[PDB]
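K.L.:
Here is how the chains run, residue by residue.
Protein chains: 2
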Amino acid sequence: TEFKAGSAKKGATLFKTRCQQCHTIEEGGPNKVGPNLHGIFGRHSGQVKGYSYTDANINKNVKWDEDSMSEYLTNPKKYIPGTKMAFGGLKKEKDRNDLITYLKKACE
Amino acid sequence: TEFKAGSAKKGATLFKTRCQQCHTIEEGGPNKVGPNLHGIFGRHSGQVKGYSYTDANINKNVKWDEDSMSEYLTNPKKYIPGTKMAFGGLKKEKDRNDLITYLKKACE
Ligand code: HEC
Ligand code: HEC
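So the sequence lines, in the order shown, correspond to chains A and A'. A prime marks a further copy of an entry chain.
Residues -5 to -1, 1 to 103, numbered by PDB author numbering, are exactly what the first sequence covers, in order.
Residues -5 to -1, 1 to 103, numbered by PDB author numbering, are exactly what the second sequence covers, in order.
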């Protein structure tokens, strides 16, 4: 594909307003409705310890990158049918760019 | 009209990313390409001291409120023909809501 960096401040607010409801992102933050996402780009789907994932996400075995991430957030279920993440998606690239910007920084 | 409160954190990033280029908002911040906007909702257009406004904005005599503001940011020049603010506008209400949210808080 093609992915460009947007704004990490903007990505920050999007997170707080769209993801934080179900996820933490900090090193050592708790699993909640969703799994903790710290360190995600160095991992594959369904590997956070103690988190109960659907068969769907485990089997998908997604190696998370800025590119897999942009497609996933477009529409989570289209990408991972069976997934229990209840989020419609981020339709705008601009939106996904900003957010993945932040994630990439914050997840490391 | 009708104006609803969105997010002040989101409004914050929008500012930094869309307005800050030309405006400061803090009490005692400097005039720049644009006038300082601290205290704007208690004022009419073209009254900041030392700022050189166009005849256009002065004559318009806009009493700035969440409602005049939402329409202005839709398209500044459509609202104030002759105005020298070079910004296309914020097409989404959602976007304007967030931003006016922040402004209202930050401008006081
Ligand atoms: C609650 C309503 C959620 C919101 C809002 C978001 N996510 Fe989510 N996420 C949620 C669940 C229940 C799950 C588990 C899915 C399963 O089938 O097990 C997830 C999963 C993810 C993942 C997968 C990571 C992995 O370890 O495989 C990612 C990358 C993820 N969520 C990211 C994410 C972002 C960035 C969000 C905000 C736009 C977001 N999710 C929203 C629950 C919820
Ligand atoms: C520089 C490219 C600008 C950006 C980006 C934004 N504004 Fe602006 N603004 C700018 C100028 C040059 C002017 C003066 C217009 C004139 O004709 O004199 C303005 C003016 C305003 C006003 C009017 C306030 C007054 O005292 O009458 C407001 C409320 C305002 N600007 C707000 C504002 C916001 C919220 C912005 C971000 C989306 C924004 N402007 C962008 C220059 C520039």
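Any given hint could turn out to be false.
Copies of one chain are not kept apart here, so a pair can be met inside one copy or by any two copies together.
[Claimed, not checked] No more than 30 Å apart at the CA atoms, straight line, and that leaves these computed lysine-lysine pairs for BS3-like: (1) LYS99 x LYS89; (2) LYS(-2) x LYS86; (3) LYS79 x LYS4; (4) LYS44 x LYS89; (5) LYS27 x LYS73; (6) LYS(-2) x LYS73; (7) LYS86 x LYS58; (8) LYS44 x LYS11; (9) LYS4 x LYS100; (10) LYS55 x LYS72; (11) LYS4 x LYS72; (12) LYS4 x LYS89.
Derived from the structure by calculation, the hints contain no laboratory data.
K.L.:
If a hint holds in the structure, say so; if it doesn't, say that too.
P.N.:
Do the hints match the structure? See the list:
Proximity of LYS99 to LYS89 under the C-alpha cut-off of 30 Å is found in both arrangements, the shortest distances being 15 Å within a copy and 26 Å between copies. For the identical chains of this complex, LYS(-2) and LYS86 are neighbours both inside a copy (16 Å) and across copies (23 Å), given an alpha-carbon limit of 30 Å. Taking the closest pair of Cα atoms, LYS79 and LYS4 come within 30 Å of each other both inside a single copy (28 Å) and across two copies (28 Å). Taking the shortest alpha-carbon separations for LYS44 and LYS89, neither the intra-copy value of 32 Å nor the inter-copy value of 38 Å comes in at or below 30 Å.
Taking the shortest Cα distances, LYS27 and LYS73 sit within 30 Å of each other inside one copy (23 Å), while across copies they are farther apart (47 Å). Taking the closest pair of Cα atoms, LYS(-2) and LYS73 come within 30 Å of each other only inside a single copy of the chain (23 Å); across copies the shortest separation is 32 Å, beyond that limit. Proximity of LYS86 to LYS58 under the C-alpha cut-off of 30 Å is restricted to the intra-copy arrangement: shortest distance 22 Å within a copy versus 36 Å between copies. For a Cα distance limit of 30 Å, the shortest separation of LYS44 from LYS11 inside one copy, 24 Å, qualifies, whereas the shortest one across copies, 38 Å, does not.
For the identical chains of this complex, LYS4 and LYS100 are neighbours both inside a copy (11 Å) and across copies (19 Å), given an alpha-carbon limit of 30 Å. In the homo-oligomer, the alpha carbons of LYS55 and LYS72 lie at most 30 Å apart inside one protomer (12 Å), although the nearest pairing across protomers, at 51 Å, exceeds that limit. For a Cα distance limit of 30 Å, the shortest separation of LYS4 from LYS72 qualifies both inside one copy, at 27 Å, and across copies, at 28 Å. Proximity of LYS4 and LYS89 under a CA criterion of 30 Å is satisfied in both settings, with 13 Å inside one chain copy and 18 Å between copies.
Of the numbered hints stated above, the single one contradicted by the structure is hint 4.
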